[PDB]
Each structure stands twice: as structure tokens, then as C-alpha cells.
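Trainee: Chain by chain, the residues run as shown.
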Amino acid sequence: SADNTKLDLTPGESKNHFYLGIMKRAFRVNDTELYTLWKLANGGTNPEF
Amino acid sequence: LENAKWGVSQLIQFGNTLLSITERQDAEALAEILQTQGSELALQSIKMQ
Amino acid sequence: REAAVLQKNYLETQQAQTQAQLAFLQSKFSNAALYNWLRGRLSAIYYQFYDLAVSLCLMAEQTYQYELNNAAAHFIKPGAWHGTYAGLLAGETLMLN
Amino acid sequence: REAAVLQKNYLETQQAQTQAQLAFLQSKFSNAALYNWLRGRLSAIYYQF
Amino acid sequence: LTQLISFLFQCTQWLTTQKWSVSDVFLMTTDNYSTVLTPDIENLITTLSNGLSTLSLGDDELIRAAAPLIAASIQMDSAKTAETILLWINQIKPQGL
Amino acid sequence: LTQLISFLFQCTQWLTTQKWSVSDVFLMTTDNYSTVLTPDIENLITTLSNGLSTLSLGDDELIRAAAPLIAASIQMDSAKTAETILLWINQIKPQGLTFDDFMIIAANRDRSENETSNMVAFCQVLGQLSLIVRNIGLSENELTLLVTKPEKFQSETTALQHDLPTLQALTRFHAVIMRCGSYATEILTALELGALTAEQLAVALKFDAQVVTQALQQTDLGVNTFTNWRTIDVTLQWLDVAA
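Protein chains in written order, with the working numbering: chain A, 4 to 52; chain B, 82 to 130; chain C, 34 to 130; chain D, 39 to 87; chain E, 94 to 190; chain F, 162 to 404.
Worth flagging that the hints you see were computed from the coordinates, not collected in a lab.
Each hint can be trusted.
Computed cross-link-like contacts, DSS-like style, restricted to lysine-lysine with a CA-CA straight-line distance of at most 25 angstroms: (1) B:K128 <-> D:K46; (2) E:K112 <-> F:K367; (3) F:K367 <-> A:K27; (4) F:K241 <-> D:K66; (5) B:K128 <-> F:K180; (6) D:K66 <-> C:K61; (7) E:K186 <-> E:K173; (8) C:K41 <-> B:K128; (9) C:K41 <-> D:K46; (10) C:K110 <-> B:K86.
Model the full assembly from the supplied sequences, consistent with the hints where possible.
Mentor: The following block contains the structure:
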């Protein structure tokens, strides 16, 4: 469910494995790889996901 | 000056000779490694026949 | 089938010929071992002869500084034995100086 | 099929042999880098002389 | 967004036309190089240190005296290509130098 | 028993990867050489006897004066590879002989049978060295790092050995260096120092910086850089298992 739930996309500090595993399966991406995918969309930063 | 000029002309002769010897060294080493690997290919081609 | 047997005999002939070329290159006098010895010996001689000839150059520089009353004349620069390229072009640099 | 597998092994042997010749030419003392240095240094010496 | 898509497409087609990888243009383009001092840099130091004569002046004479030696150090076949490359790097000044 | 089975498997796969026989590593590794005096050894004797000048002193000047002649005798293309190989054989001393006291056994021609036996032992350990360098390929920026700084090889070593596990680790070291490609001497000179980091090994081996530092975090708790080869080997194993 696309809920407005805050989630830290840095590869060690989420511990919300359901949403993050769904993003990894949907985007065909790792932890690190999803994190740099979010850094590209914000100019090398991660404000709040 | 004539004596030092003699010694340095002889050094030039030695450096030219050393360059020729090291390039003939590398040429002969290349010929040897080509023959060894051609021998390997010949054995493998007999096994294919 | 007999054509294929002749082909295998041809390939074994080529194997023996490649081995003959290899044995010729191993056993020739101008093989790679002679050039290994030859450049190692000549490299030792070349470094020691570089020491001798740069000593002769500094000797000529010293009498240049004595005749023309100029003890700060420095024509023979520290260098000219670049060790990574085996000290090649040492005599060209010293003839330049 | 087994003859084709031996052919592929032969081609991989040729690939490794081409890479061995390439690594020999990169790593030899009389490679192109020595001649680059050698003609640049001798070109400087030659103009001053 | 459509400008960035168009840029990525023309850059990717340029890469596959030239048969270069992204790592190739990254090696040719980046600012994220390492700052460790390499024997290539050391060879440049001692070649261009011992090879250049007494102190020369800038783009008039220094760049022409040092272009054969700096084409000797890094892999070039022409000293005049090295001279115009040093003109290029003088007008760009990597980290101010 | 399962450790010996694992050793035999990894050694056999290493042999068939390098395309070496057991006889090849036996020629490169053994102590069961013959002690007979060979014309190669004789050529080494007279070349390095007549070629060296008046008496020079040890690892300061003797090893540098004799490295071109000993690269002339046994098959080498570079005198500096010969110099670091003589440094290696000085710190290992086959049958007690350094390169000092091998010079004294040479240039005698009045020497005893045990004396010439130790001489032949020194010359054939030099031959095992020349093979162990030319069969894997070690271009002396790769080799004098491990001879002079064996702490950069493994943190326990403190003297590079003539073992078979050391030979296999030299193979893996050479393989990762040649895998680094254009950045290889840059990785080597960063490993000379303690400056080999992530964002540098990751670019050279085409990994990601965060994955490389994340595996370095698994082999080392808080070490920022790669200060050793063993940490690079095990962090590449972490990268392989994660990949």
C-alpha cells in the first residue's frame, strides 16, 4: 500500500523489510543500489522518503 | 675535454648496443612463446581430428 | 575415412614440425639465453662506464671552473642516468653538457 | 557435438594466447612506452644540440 | 526531464558508436581521481626535472622546452600535441595549477 | 581430515586454473633437488666471479652490483627483479647461505663437497625463484612490495615464504592486479601506503563504492582503508558471495 510512511533508505537503518523488499523486487535493485537510485533523484542527497 | 668527449662517445656506443641487445632479447622471447603455444594448439588440433 | 586418416597424419607432421622449430630455437646459439646474459653483462658494464665517464665530465668541468675564474659554472646537471629506462640516453645528455 | 566443444576449447586457448602475447608486449622492457620516452628525450637533446 | 532523456539517449548512442564504456568516459572525464603518487607521476617528476635547463619563462619558452619531455613521460608521439595540450591545461588550471 | 580435503581441492583447482602440473609446482617448490654441479651453475660461477669488481658489502652495494650479472646468468629480463629476488633469498637462506658467503664459496675452485653442495642448493633455490616469478608474472612493483613489506601481504607473515599457499596467494594477488586494468599501478602504490580505500578499489574492479566498503565493514570492524592483501582477498570473497 502506498502509505505516507517514513522510511530511511540508507542500506542499514530501516528495519522495515516488507516495503523495502517490495521496492527491491519492483525496481530490480539492491539496498545500496536503491539508495543510490534515491540519491540520483535528489542530487546526491536523501531528504526524507 | 677531448678525454671526456672520448669517454662519452664510448658511452653512447654502449647505450646503442644495449638497446639493440634488449630489443633482440624481447624478439627472441616472443618467438619462443609463439612456438610453445603453437605446439599446444597442434596437440589440441590432433585431439580434434 | 582414409582421407581423414591422412589428415591426422598431416596434423601429426605439423606437430613434429612445430616441435622441430621449437627445438631449433632452444638449441640455437643466438637464443634468448644468450641475449639475457648479454644484456645483463652489458648493463653492468654500462652502469660502471657511466660512472667513469661522468667522472671524466666533472673533471673537465672542474678545469673549466679553474681556467675561467668561475667556481659556480655548472654545466653537467645531476641526472642523465634515468634508472627506469636502464640509463639510456646518458651519453647523449653528457655530450649535450 | 563433442567436436564442437573441442573447437570452443581451441578458440578459448587462442584467446588466452592472444592475451599472453598482449601482456608480453605490455610488460616487455622494449615496449612502446620506452620508445615514447626515448624519442621525446632525444628530441629535446637534438634540438638543443 | 525530456531534455535529460534526450541527453542520455544521445550520449548512450555516442558511447556505442565509439565502442566506449561508461567507465572509459569516466576515466577520461572525472574529477573523482585518486590523489596517490604513482611511479608514472614520479617518472614525470624526474624526467621533466632533470631534463629542463635553467629557469625558463611560461608559455613563450617553458612550454616549448618541456613539451618534448612531457610527451616523453606520458604516452605521446608528437611534442607539438603535448605543447597544445599544455596550452589547454594552462587555460583550465586543475586545482589552480 | 576435511581441512586436508579442502586443501587438496583448492590446490587442484588452482593447478588446473593455472594449467600447471603437479611436476611444475614440484619443480618450483621442492627441497628434494639434486646437488650435482651443472654447467648453468658453472656459468653463474664464472660470470658472477669475473664480472664483480673488488669486494663489496652486502645488501647495500653487493646485491646491486651482482643483480645485473645474476639476471644475466639465470633467465631474467630485469636486474631489479633479480635484486629483489636476491633480497628474498637473503632473508630465507637456503642451507644457511645468504648471498654473502655464497660469494666466498664462489671464486675459490678449491672447495669441499658439502661447500659446493650448499652452493648448488643456493643456485637451484635461485632457479626456483626465477621460475616462481616468471610463471605467474611479477613486474617488480608487484614483487618488491611483498619482499620488502611482507606486512602488506598478510598481517602475520613478516617474511615472505617459499610455500605453496604463498604461491597460490601470489597467483590470486596477480590475478586481481591484472583484473584492475588501467588502475593497477595506482592500486599498488596506494597499497604501498595505507591509502587504498573504497571508491578506488571499486572503480578499478568495477564494483560499487558502498558495496565495497560494506564488505570491508564485514572483514574489518572499523578499518577505513585496505592495509593488507588478505583483507582485499576476503572482501572480494564477500563481494562474490553477495553477488
